[PDB]
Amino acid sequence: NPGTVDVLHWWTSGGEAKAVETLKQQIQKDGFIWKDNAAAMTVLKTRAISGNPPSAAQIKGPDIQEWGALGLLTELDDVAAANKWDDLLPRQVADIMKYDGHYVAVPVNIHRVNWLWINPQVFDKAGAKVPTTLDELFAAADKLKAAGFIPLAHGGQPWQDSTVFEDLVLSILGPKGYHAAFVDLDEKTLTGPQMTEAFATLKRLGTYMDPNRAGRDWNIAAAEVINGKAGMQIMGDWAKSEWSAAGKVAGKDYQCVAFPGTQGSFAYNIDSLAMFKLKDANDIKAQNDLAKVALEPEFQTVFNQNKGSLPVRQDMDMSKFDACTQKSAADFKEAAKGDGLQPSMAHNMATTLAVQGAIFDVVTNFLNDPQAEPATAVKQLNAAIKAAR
């Protein structure tokens, strides 16, 4: 009986279908059966713990280490050697894929989180300049306001709040303090005056957001920019897909600039499929075939074209990709070369879930409260983090 590929993942859009289909096609030509699925992580766990895991699952960042440590993941040495993954993947990406020095997951895309989306026609009408610094970001918001535009499109969800916060941390503290703060959980960075400046800046910036925004999805904030009611939105590169879907084109209709002050840094969000230890010979053959094909050109191309992220392979033709994706790629290369390449904490690359929730709680509770003291906020940040660990 032939080997089966059971993948648990959340890629449910039509756009994502075209990529998932090439993956399916090939597995099938290679002699294997394909199965598919779309809280669920609890049920995944009990299945694994009782010896019925799926072949693979969308599991990312530090979470991967937990599943490794429990001994639930398989080691992909053979396929990683056959297909030369250490040569293919940037070192910092490869390391996140490994538990105790062995590949246990396959990376699938690299998002950029630290972008600012601008509507050039709206800026033009307001007489605002596209910002390169936080000072200039505020001058830009003043102009949008004076001209009757929502300066900043923002949604009211804690993950969005912290995507703004972390941008501001990356801007003010730089990539190394960002790293000490959010990867290392370094007390004296978290309570330092520089983090105090990030919170006060967050509060100011809050005053250029729409005050009735509680509970609003990111794309609704994206629509505000796309429809000419706001000038900007602070959001990852997943936002490109609303611009495309509404028929808009880079440069002509919108502009992706690095978040002001963070030029040189790349805050990354890398999605990945974790490969489970299995019991069946033929299912293991299919599992290897999946891990290989997922890292091959065809899938890495299609998947990331129809998603707005970068491919994880170093050897790919970036000409085959869109304008912001080519900028993103040069920016990744620049960052990787030095200190700039940093894991997003809003997007689950920097810390454990519980620690991330602590930061969210602090950040959101602060943004919501216009009396909040930034000196008090840095103390809670640190205290709350220590208590989630």
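Positions refer to the first chain, counted from 1. Basically, rigid core = biggest C-alpha set you can superpose within 1.5 Å across the two forms. Compared with the form deposited in another entry:
- With the two forms fitted on their core, the C-alpha shifts between the two forms stay under 2 Å for all of 223, 122, 318, 72 except 72.
- The two forms, fitted on the rigid core, differ between the two forms by less than 2 Å at the CA of residue 379.
- Put the two forms on the same core and the Cα of residue 90 is off by 2 Å or more between the two forms.
- For residue 327, a C-alpha deviation below 2 angstroms is recorded between the two forms after rigid-core alignment.
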Contents of the next structure:
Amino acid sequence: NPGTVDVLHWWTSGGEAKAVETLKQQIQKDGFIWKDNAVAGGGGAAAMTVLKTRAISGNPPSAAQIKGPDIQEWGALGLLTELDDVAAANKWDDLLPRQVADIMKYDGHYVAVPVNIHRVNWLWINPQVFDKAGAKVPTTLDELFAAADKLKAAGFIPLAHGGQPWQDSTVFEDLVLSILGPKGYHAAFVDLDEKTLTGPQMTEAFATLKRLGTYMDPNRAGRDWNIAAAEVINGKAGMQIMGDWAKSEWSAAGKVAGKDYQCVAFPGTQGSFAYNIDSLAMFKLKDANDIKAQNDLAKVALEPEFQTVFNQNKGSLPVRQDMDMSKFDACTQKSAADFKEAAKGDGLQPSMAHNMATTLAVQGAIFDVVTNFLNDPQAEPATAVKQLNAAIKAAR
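Structure of the form deposited in another entry (previous: the form deposited in one PDB entry):
Shown next is a single chain and nothing more.
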């Protein structure tokens, strides 16, 4: 046995699978065995359940898709391996933005390797559906509702949305970023500031979320994010509020920007970039050949060729800084420009819904408040903000 790579991840949709296939291929070309542990469940909760079993099993995966502050917990447990030598040889501190490199370190040592930078705060449009409905691509919340009114009148699903908590909170966080702005967003989700969490603007975010719910399919419970994307691709819906992993579904269907889809910053979030960094935390392994395979995985993750093909298929930006951005599609080039702009000011903000801003316990509290609210058409925004602050406090 040359050594086996076992990555625990949740890349299972048609688009996500095309991306992870590029990793499988490179590992095989490098002469190692690929043994997949893909665990289906958008946003990763199902994967995390499997991980919690496997991690203290004595047979951990080579790596697992573990993001944000949660990397600190796995590092604190002593389960991850330090990557000093591979990081030095492959110049990771030079290749990675400082903001990103810090997330990957436990007590100053790399313990995880990033593969991308997803943008969460996108809105996906089907321009052909917009043309049929006489609708205008929205740049403001008011325009978003105007477009939704027209799509509805035209007999389309205005907003294709799946009723799962992480999806609900993806929409909610877009609203918070839009209404509060990036500094307010940071105060609420990173600093967990009580006055922000319970303020009039957060209250208005909940009122806006409730209205948005009136423009979704009432029987959307359980609908996977790729199902929602398909409604837009197939011309049944006008819009989807989702990160740029949605682009992977458009690309996998052979669709092109302008003609088939557009993406625009979520209305009112122009200038802000809510980032989601997929990273592979590397577990301490026992088997010598599997350690060699793991070291190969760590090398591959930031190789220029892999950074290109993975991210072309995945819908995200590459995380490596020296890349020829002209090799990506127009939407990814827009993402790059928007990242650069955001990074100059205070616009670059970690996604709460995608595990970058908070611990998982705090995220879970927020998810519960937001679905409970959106599940109840009669719910009150003033109560929601009190529950939001209270539940966050109890989760810590």
